[PDB]
Amino acid sequence: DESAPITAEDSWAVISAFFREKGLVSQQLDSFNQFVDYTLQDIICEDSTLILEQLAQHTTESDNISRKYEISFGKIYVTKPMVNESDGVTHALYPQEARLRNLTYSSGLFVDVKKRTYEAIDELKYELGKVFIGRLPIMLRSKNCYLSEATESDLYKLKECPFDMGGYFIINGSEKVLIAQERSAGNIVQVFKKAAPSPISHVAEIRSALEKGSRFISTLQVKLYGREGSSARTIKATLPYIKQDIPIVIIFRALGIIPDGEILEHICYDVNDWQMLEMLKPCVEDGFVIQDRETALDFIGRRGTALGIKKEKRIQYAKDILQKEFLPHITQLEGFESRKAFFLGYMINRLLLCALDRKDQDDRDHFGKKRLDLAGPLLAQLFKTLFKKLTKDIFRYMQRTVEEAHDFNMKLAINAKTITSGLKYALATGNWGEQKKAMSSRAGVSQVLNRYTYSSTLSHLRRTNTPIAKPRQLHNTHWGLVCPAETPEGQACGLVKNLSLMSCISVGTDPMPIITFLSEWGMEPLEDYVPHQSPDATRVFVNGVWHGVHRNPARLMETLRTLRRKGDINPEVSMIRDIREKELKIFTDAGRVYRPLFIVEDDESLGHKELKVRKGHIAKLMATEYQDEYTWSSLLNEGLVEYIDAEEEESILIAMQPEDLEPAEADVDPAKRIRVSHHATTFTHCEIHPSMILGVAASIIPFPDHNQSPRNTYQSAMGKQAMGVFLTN
Amino acid sequence: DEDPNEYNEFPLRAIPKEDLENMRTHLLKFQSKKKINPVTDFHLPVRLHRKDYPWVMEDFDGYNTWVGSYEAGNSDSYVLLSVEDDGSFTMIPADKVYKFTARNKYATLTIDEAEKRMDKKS
Amino acid sequence: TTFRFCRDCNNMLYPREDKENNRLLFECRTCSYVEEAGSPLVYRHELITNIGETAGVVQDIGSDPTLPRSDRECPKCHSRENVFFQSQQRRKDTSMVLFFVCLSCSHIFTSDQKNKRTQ
Amino acid sequence: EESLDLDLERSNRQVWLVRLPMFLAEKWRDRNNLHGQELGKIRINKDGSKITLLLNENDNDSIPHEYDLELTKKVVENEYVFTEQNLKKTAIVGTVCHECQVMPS
Amino acid sequence: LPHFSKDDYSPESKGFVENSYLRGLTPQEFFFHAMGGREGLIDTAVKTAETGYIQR
Amino acid sequence: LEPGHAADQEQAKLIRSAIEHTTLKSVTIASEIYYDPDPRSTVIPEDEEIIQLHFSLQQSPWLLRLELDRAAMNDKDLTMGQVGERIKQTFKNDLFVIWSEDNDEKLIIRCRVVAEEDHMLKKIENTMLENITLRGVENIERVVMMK
RNA sequence: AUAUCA
Ligand SMILES: [Mg+2]
Ligand SMILES: [Zn+2]
Ligand SMILES: [Zn+2]
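Chains as they are written, first to last, in PDB author numbering: chain P, 20 to 141, 146 to 151, 163 to 502, 509 to 668, 678 to 715, 722 to 784; chain B, 92 to 143, 343 to 412; chain L, 2 to 120; chain H, 54 to 138, 208 to 227; chain X, 784 to 839; chain U, 1120 to 1176, 1187 to 1243, 1254 to 1286.
Calculated from the structure, these hints are not laboratory results. Some hints could be false.
Quick list of in silico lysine to any residue cross-link-like pairs, SDA-like style, CA-CA up to 20 Å [unchecked claim]:
no. : chain 1 : residue 1 : chain 2 : residue 2
1   : P       : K622      : L       : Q90
2   : H       : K210      : B       : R138
3   : X       : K830      : P       : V536
4   : U       : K1221     : U       : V1162
5   : P       : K403      : P       : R384
6   : B       : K124      : P       : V570
7   : U       : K1261     : P       : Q309
8   : X       : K789      : L       : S71
9   : P       : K315      : L       : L42
10  : U       : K1261     : P       : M313
11  : B       : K411      : B       : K395
12  : B       : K120      : L       : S71
13  : B       : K124      : L       : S107
14  : X       : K797      : P       : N516
15  : H       : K103      : B       : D94
16  : U       : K1144     : P       : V570
17  : B       : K386      : H       : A78
18  : H       : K103      : B       : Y98
19  : P       : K227      : P       : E186
20  : P       : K347      : P       : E368
21  : B       : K126      : L       : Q114
22  : P       : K625      : P       : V536
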């Protein structure tokens, strides 16, 4: 009977395993680790190498000598935490010594540097170690921290409390917690109705930004001029570095899509839909003046910039803007006009779809469209601006030392204090930016960890800040991800979110294994799309980048789901199939809040649709519970349980209780609350336990289902100020 | 299974390494809308020149010109299969694919003047 | 409406009246192309629309678990297996009429007890 | 020859355009030019037109797997192949009569 | 909520808390009461400064 | 309401109607532009009967044809006659108007002007929907009756 | 400057 359905008490055996593995601050640690193991290297390699060329006067010896010098950055190293005492000696440093001597719990950052030299005469370049760069503060309990592989008895000897959970830094002896910052997800197409007094009635916006590398915060607006009842309703778009909004047509022409109808094919996918097509006639009339690719680029080039007078100059510009500043996600490469044209057309399709009252205006408050910037990405943002600060100070040195041939001394070149004190400042003060000249910088990003009570400490490491439509309200999308009660009263009410117990935040994976997988599984590339040939084609996106289309999504979706539930596709990756809209969006993306749910399958030889997890797995876990071989990961790879973010939640159907919401009806207690039914035969998932919708503080409230809504909101604020033993140490 | 049927199979010479134009076999693609007919007394002549590099294609004057631009790549790739008199096939990889990429024309004594008129509009 | 393009240009067509033979044509403003009109209707406004109601009805409509089911007997195959939704035309005014899509014959039937449809 | 001129498509030579998986092409490169680089053979089966590609045994040690081909239409397009020699002469070699995609196997 | 079928205008779907506080709230009832509860806390919070300035 | 007619619900309705703003847009199902070159004979066989009368007991070959909603034409009490009269009285002698009877199944208004005419009529239909006031006072919308 | 108090 090891394949018997699971009861309601059994959901706790799964919850036990979730916490045995993840702990209460998996988000804080998993973020930092990702930044140390991967993110750090990629930051050293984006701009990385810098060169200086000294080309002569070509008069006569000692002239006519052209040289080019290189400086390259290879592997990045990072020691265990250390300290440099006054008397030279460097030695290991444990968290307790840091807190008492007010030191910083940081470790050394070391990078392989190489310095090449080249030379030519009056075209042929011919050729003629590990350096310390800074001290990076470590987050306690992370991979790099001493306390990570520490046993219980170990911690006690180290004068640390085993109940301490890590997730903070130690800067000058005070504990500091990075607060997750909530921002709107980028590379996302959103349509909004521009209010009653406006020339423009609707706008299609895309906040395009790179996953890493400079991060061009250029937002493209696709504007529908004219109001509901105004003649000549044209569509123009505001392009980065271009003062005026160019009529869509000219953009397509400048892209290479020259005749109307070839242009129309990219926007409207149904040749039948006369309604949308009539709406495009004004645009065609607007772009009638420009007839070829060249004249389109000139028209774009005319409208500066400044203007930048000269015919050859303006046409050359528009080329650069379309390549480097227009739709920078997708590609910033050359020959990708086809990709960026179809995207613009997908945007115009969405702009018109909303204006034709077929789709709703985008919910600016949908949680699925929000990201959380944790300790990882926060340090990554800071380290970028701090490493480009160092990179361009070495260059200033290479000029100073090639002028006087003063022997390019390494220690004089790299200023360690740049990155060391640059991070120490942020973490200490809290103005997340460079440096003692901060504003606007975002203060309160780093703050001193609440140590009043143990619960107070826990709830501080799960706190979310939202800076600046109706944000304070509890959204439906906040279900299972954020606590409905734990929020402040006054000013910050509903802008300070607290994570539910089972909530985790996507660390950010690689998109290529999925893009490579897709093409191989029937995905026709956008570069060869012919809308009227395959008109029912499901459009496939990976991080707001339209990669192509697929003819039988039904089978593809099942393959991709089996890929995740096996482990082949990472479980933190979100994949959604909106059948009605004919779309398949995939997210490898960092910052997405997810929750784990039980998987339910129609798949059962014996009877109905039943929860994959059986009483045999439950005992298989409680066997491992008695041992203190079957972990949470074990349930995850056996595809019994899955991770679902808010966007994916949209397409699923969840049962609250397993047992109570599974077998149909073939007296009743009056004292129990009135409950609904398991009418659904469609159930894709089941709720592990509904109490998990609550955060750390609300989870101490006895019978919160018997209190008036705010009385609960009050307790999850007061318990933070209740006295008790905060730590055994 | 058993083959009660017959199959005609030809040997494929996986691309010969050494070819005079081993290096360049390219695809020139025209959209059907362009309606280019190779069998035209007019299109007897044709010149293909790099524009200084998009390719420029032109017939005798008075005839349309096309511009050729290079398409983006992918994991799969295209090969050109040709058949010798003997059934054997020789395959050659496509170096580049260009979408052409021509004229109209009727774009002279205009464009700049039309935009100006449009400006006399606002 | 349903409009045509110029063969040769692929550019759109503008209506021209042939004053002499009192007939409607479609001219291309990029080349010398002309073609006679199919219908006399050139422009249709449509304020009180019905196009959007039964949108996105992919044969995979049954594979959406989010969609609710009913035991209503189909007008065609008489199957008591169907998924239902409301007018997908995202307007304020819009009635709460239901559209049922057969999990066998795929025919779209409504609950409208005021009027009779075919979409 | 005539500089900047294009060559002879007038002959109406026909060729086929086939999309091949990257992995297969990788294998093909392995074949020696000296050998003549015979990668394998193409099979045309009747009882409906079916075309498949099979690698030579030399290429891999196993049972050769056939790669089915999906025949496709010319599309509303005219595809022509032009070659450029080391000499940089340009010739209009042939027109693409048929398109096909070799599926991975 | 994801526990409901689409186009559900039923009392149970659109936030009708059927139960007494003595009986207890279902997870759905609990979250909807929480949404409704949060609204009041928002105006209590805001009104406080708006009301203050009116007085001045 | 006026002293006397204070309890008279029908008097209330009369003022409600005389004050609540009504535009040609609120009654229109769709407007259409057709090429109907013979003013005397129509390419739309439906309309054939409307001509046969609004002729018995020179102009543009381009026709503006709009369909009105019977249900809408009733809630905001209106007649084809009175609607048509407004259009006729708006454009004076530079627009030739005909209309289907209140009895007749479909509700139609056929309009013609008095080289280049396509854009001209698209302006006339915008003027018609947006600027033509049928009943009511401007700025006054949703008028409710209250006891 | 953050957190908090009624
Ligand atoms: Mg008090
Ligand atoms: Zn034309
Ligand atoms: Zn049926």
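Here is what the structure says about each hint:
1. P:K622 x L:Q90: Satisfied, since the Cα-Cα distance of roughly 17 Å is no more than 20 Å.
2. H:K210 x B:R138: Holds - the C-alpha atoms of B:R138 and H:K210 are around 13 Å apart, at most 20 Å.
3. X:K830 x P:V536: holds, 19 Å
4. U:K1221 x U:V1162: violated, 26 Å
5. P:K403 x P:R384: holds, 17 Å
6. B:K124 x P:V570: Measuring from Cα to Cα gives roughly 14 Å; hence the hint holds.
7. U:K1261 x P:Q309: Holds, at roughly 16 Å.
8. X:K789 x L:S71: Holds, at about 13 Å.
9. P:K315 x L:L42: holds, 16 Å
10. U:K1261 x P:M313: Cα-Cα ~14 Å, so holds.
11. B:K411 x B:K395: Given that 20 Å is the threshold and the Cα spacing comes to 25 Å, the pair is violated.
12. B:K120 x L:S71: At roughly 53 Å apart (the allowed maximum being 20 Å), L:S71 and B:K120 break the hint.
13. B:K124 x L:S107: violated, 37 Å
14. X:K797 x P:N516: Judged against 20 Å, a Cα distance of about 11 Å means the pair holds.
15. H:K103 x B:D94: holds, 14 Å
16. U:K1144 x P:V570: It is violated: about 39 Å lies between the C-alpha atoms, which goes past 20 Å.
17. B:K386 x H:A78: With a Cα-Cα distance of about 16 Å, the restraint between B:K386 and H:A78 holds, given a limit of 20 Å.
18. H:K103 x B:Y98: Distance of about 10 Å is within 20 Å: holds.
19. P:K227 x P:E186: violated, 58 Å
20. P:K347 x P:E368: holds, 19 Å
21. B:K126 x L:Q114: violated, 54 Å
22. P:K625 x P:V536: The hint is violated at about 29 Å.
Of the numbered hints stated above, those contradicted by the structure are hints 4, 11, 12, 13, 16, 19, 21 and 22, listed in ascending order.
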